[PDB]
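Take a look at the letters that make up each chain.
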Amino acid sequence: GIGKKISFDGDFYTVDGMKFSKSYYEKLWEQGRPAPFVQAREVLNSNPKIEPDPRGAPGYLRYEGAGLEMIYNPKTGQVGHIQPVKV
Amino acid sequence: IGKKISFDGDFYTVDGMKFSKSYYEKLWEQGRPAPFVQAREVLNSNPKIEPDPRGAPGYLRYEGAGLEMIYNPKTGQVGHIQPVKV
Amino acid sequence: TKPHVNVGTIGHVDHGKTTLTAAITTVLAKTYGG
Amino acid sequence: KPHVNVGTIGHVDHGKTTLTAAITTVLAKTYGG
Amino acid sequence: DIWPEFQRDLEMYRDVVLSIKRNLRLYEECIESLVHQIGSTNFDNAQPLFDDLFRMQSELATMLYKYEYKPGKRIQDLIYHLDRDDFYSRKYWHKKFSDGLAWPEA
Amino acid sequence: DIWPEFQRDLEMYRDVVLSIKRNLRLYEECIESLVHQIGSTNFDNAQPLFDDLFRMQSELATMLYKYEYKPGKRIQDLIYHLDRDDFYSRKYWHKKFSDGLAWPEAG
Amino acid sequence: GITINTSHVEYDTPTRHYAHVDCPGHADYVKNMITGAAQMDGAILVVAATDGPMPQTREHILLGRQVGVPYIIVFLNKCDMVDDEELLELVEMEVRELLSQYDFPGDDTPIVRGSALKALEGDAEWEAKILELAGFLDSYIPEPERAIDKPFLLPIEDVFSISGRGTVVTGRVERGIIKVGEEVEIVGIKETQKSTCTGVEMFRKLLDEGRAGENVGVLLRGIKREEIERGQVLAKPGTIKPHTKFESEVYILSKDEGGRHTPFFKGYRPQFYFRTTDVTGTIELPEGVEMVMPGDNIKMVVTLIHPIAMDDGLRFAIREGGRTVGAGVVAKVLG
Amino acid sequence: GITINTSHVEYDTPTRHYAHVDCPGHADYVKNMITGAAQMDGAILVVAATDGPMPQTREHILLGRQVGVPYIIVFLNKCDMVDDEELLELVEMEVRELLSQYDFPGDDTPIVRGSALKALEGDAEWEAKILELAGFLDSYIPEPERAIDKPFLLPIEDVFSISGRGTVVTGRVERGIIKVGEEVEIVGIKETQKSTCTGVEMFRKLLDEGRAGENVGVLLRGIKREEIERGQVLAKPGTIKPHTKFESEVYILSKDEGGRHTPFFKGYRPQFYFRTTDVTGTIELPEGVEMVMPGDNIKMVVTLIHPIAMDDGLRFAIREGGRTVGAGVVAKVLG
Ligand SMILES: Nc1nc2c(ncn2[C@@H]2O[C@H](COP(=O)(O)OP(=O)(O)O)[C@@H](O)[C@H]2O)c(=O)[nH]1
Ligand SMILES: Nc1nc2c(ncn2[C@@H]2O[C@H](COP(=O)(O)OP(=O)(O)O)[C@@H](O)[C@H]2O)c(=O)[nH]1
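So the sequences go chain by chain: A, E, C, G, F, B, D and H. Terminal number for the first sequence in the authors' numbering: 254, no gaps in between. Terminal number for the second sequence in the authors' numbering: 254, no gaps in between. Terminal number for the third sequence in the authors' numbering: 42, no gaps in between. Terminal number for the fourth sequence in the authors' numbering: 42, no gaps in between. Terminal number for the fifth sequence in the authors' numbering: 107, no gaps in between. Terminal number for the sixth sequence in the authors' numbering: 108, no gaps in between. Terminal number for the seventh sequence in the authors' numbering: 394, no gaps in between. Terminal number for the eighth sequence in the authors' numbering: 394, no gaps in between.
Isolated chain A (complex conformation):
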């Protein structure tokens, strides 16, 4: 609906119950993968396939949908990694 402020606490950028680390957030815009919150929301709203993190990071799951794969902690809201699916 309306504008939701992105908050920054020195370590994370947070909004709509999602969060990204400072450096990962900036890296994505810098590498030509803009709008990471928009990407992650698309995944969350795509009826994604949900499985345990294959690498076993604690609290994290692998979500797949909207053309992307994401490693996401449903408790903390942190998106740890997000990228397009393998070609």
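Keep in mind that the hints were calculated from the coordinates and are not lab data. Relax, there's no trap hidden among the hints.
If you anchor each label on the Cβ, the simulated ranges turn out as follows:
#: 1; chain 1: D; residue 1: 98; chain 2: H; residue 2: 114; range: 56 to 62 Å
#: 2; chain 1: H; residue 1: 65; chain 2: D; residue 2: 62; range: 35 to 41 Å
#: 3; chain 1: H; residue 1: 124; chain 2: E; residue 2: 177; range: 49 to 55 Å
#: 4; chain 1: E; residue 1: 216; chain 2: A; residue 2: 214; range: 51 to 57 Å
#: 5; chain 1: D; residue 1: 62; chain 2: F; residue 2: 22; range: 33 to 39 Å
#: 6; chain 1: H; residue 1: 315; chain 2: D; residue 2: 284; range: 45 to 51 Å
#: 7; chain 1: F; residue 1: 42; chain 2: E; residue 2: 216; range: 33 to 39 Å
Don't be surprised by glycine CBs; every beta carbon is placed ideally from N, CA and C.
Let chain A serve as the given structure and place chains E, C, G, F, B, D and H with the ligands on it in line with the hints.
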């Protein structure tokens, strides 16, 4: 060994093959070098031979070595040569 | 916060463009304390 | 006839431009003048 | 550490490709229109139109073979079908374009 | 008539692509060697090596997504498999490379 | 690199703060009006009452309309030199005639009879005239419209495709505001298209809204990667149009400024850079003018080979082989 | 564009035809020795007997060895000014000492005592000395080896793939002859490879053979498109090798010549263009030299990031952003 390419004002000729002046120059210019080498490859590839689909008189369509050629076995003239459709 | 505005002086040579630019800033300073 | 490229080198005012002119003048006058 | 010069090249690549694709759109449009015109006129009057059409194909062929820019399938098919330029190919294409063919096909 | 400027662009395209492919060959070689080194050392001593490896992947990802240069399948697979860079992906890749994996591949 | 010599003076009236930009050379005034450091929100024409208007008073006024200087105030100067009122009334009549030719409302234009020198020397009678002028500065020149208040416009820099949802386009918002759900047009190069924002992010600041200033990513539903390109703009529908032909005011760089060595002629086919991309165009020099010398200003008609979103006032650079050879402003769009 | 001012004089001895190239400025001699129109097959050093050798007589001699000027003859000049034999014998001793330092056989270097001015004025005694010199030109300088006589070398420009038969590579033959069936190496950038010519065509002239001069297409059996690239060379096996490191003599263009505005320093990473392609390299400036000014000659060690087929004498251009900023010659290959 070396076989001289002859030029009579209208054609370049060698080894019983020939190309018109302009077509010959066009091929080198467009990045399709060594047209005699290309045409020889076709002739030596056991090519599939059919009538010219456009019906130019004396001409046949030859296909082999990755190329299609329109060629007059009586005159030796290569009228057109290009890679097959991708 | 006060309104910012960009202006400039135009016109022919020797008509007083450089003089007027100086005269404006001097008077307003003296009067309004700009 | 055999073609050969040569040139003149050396320090300023020692006569490089003069020698270049002197060579072509003499050989002209001597051999096939 | 090659990245700084690599980035410069990559930026140049992005810019030139952008430009080439635009030029390709103009070739595509201009060719669609020549095909239309050729198909709406008699064979004699079509000759200077064919000269323009094949001149364009020749340039597009130079792009493909000399500079190795591989274009979209449409232009690739065009480069193949219109490569041969003589009386007999013109007679064939004129007929096909007059019967309503809008783009070269086999 | 756009051909003269079009030719200039095409010549520039040919030259830059030639150069990019060469640079890609160097990235490929340097990565093959880092993978080899990482697989021949312990996890702690591998960290600065992984930092170099992922830094390279990051640059190759920038090439793919920001500038839209699409590389050969090998480098594309590498960009995918090595995108995620953390403790848990490092643990996984170290193990695989130590067991003799020479280039990143799917489990 | 271009070189512009200017003097920046700053003064305050009781209501507003002014940034005044005066230039030494006639050539510098031209360079500044076409490629301003800042755009003039209003100008102070200076006519002597000794001489009346002159060749360059016409040039600057015409440039005003071509560049898009919105309002002009007159300071009829050197009035201490001339006694009679009737002679002045005559000069004011000429100056209003002049301004009226170039579509400035001359009848309604303020005209202060003053002496700048006597005022600067500290002569109370003529100082009042300066204060009168700065009254007209306060009243006749409105505050310019701020970026964020205008119709939405985003020049497209980069494009990122996400499968099954759309395409994300990025760039720095030029003016206005974009909110999720609004319709947008994609203008320039290709035939215009419409689409709806289904997501926005303003870098480090906002989700589902973006404001003029920092970079914005905009997700457009149903737009595929090949249907949009760098150099296009996103815009509020019906507020900007694509054009290929336009009248321009252009300054050609001197050789010493890094520009051309030789003049160019009517068959010049340079690149014209607008916002985020360069496009080839041809030119029509004005009547009688056969060539343009490095260092000249001139008015030219440009025909681009691809349309560009543009409006009057849009600045552009002129380029050859990657080097900047001139700078211009769109005077009048044609079609 | 570089600018070289030269005078081209031509003369004939009864056996040979000579093309003589003199230059007005010291700076022009350097520019010519490094990027000469033609390569000197021998040089005429000119020392005054008035002054003996001087600072630049050393510079030119050293450049000779660096550039690869094969033979040098001395014309000890201005002998009409000096009366004493003993004094001349002393100068000749110094000049031979000098030449011997830079590996020219000084002891049996020819030395003609003459006057160029008296000879040009038409003074029979000193004209004989000119004829003596042109005797040494005929005898001491051999005819250079002609291109077509050397080992085969083709820089690759373009590559055209033919399905099921191989790849055709084109370029202009640099030296030597290629016949069908001969083995060739592909050298540079990648690891060397060998292959056999299964077809040759020399543009408008020959089938199955190609000669130094006009363009040649060479069909290599079994070589696929991705295994060869522009910038490599075809060569008779074992006659050319790839290298990354070499000593060079380089001339840096002045700003007025289209080059750099500012000097560069030891971390300069320009592009080096060899034959058909440019490759990035780093540099090592000589002892004490911290920077190189636009317009300087300098000796530098270069390390390329990719190997290039090269031999001593190979010329190259130095480039930045597509512009030529310098020109050089390979003095000594290192590895
Ligand atoms: N008498 C008189 N002279 C003036 C007045 N304004 C300017 N001048 C003279 O005009 C000369 C040149 O004016 P200047 O400030 O350079 O105008 P510019 O050429 O447009 O910059 C100065 O030397 C002043 O003496 C005025 O109000 N009265
Ligand atoms: N006495 C004498 N003076 C000479 C001779 N050759 C040149 N010069 C003088 O050298 C001056 C310049 O010589 P030039 O040919 O320009 O030498 P460059 O600087 O090496 O080209 C002339 O004005 C002559 O007076 C020579 O054989 N004898």
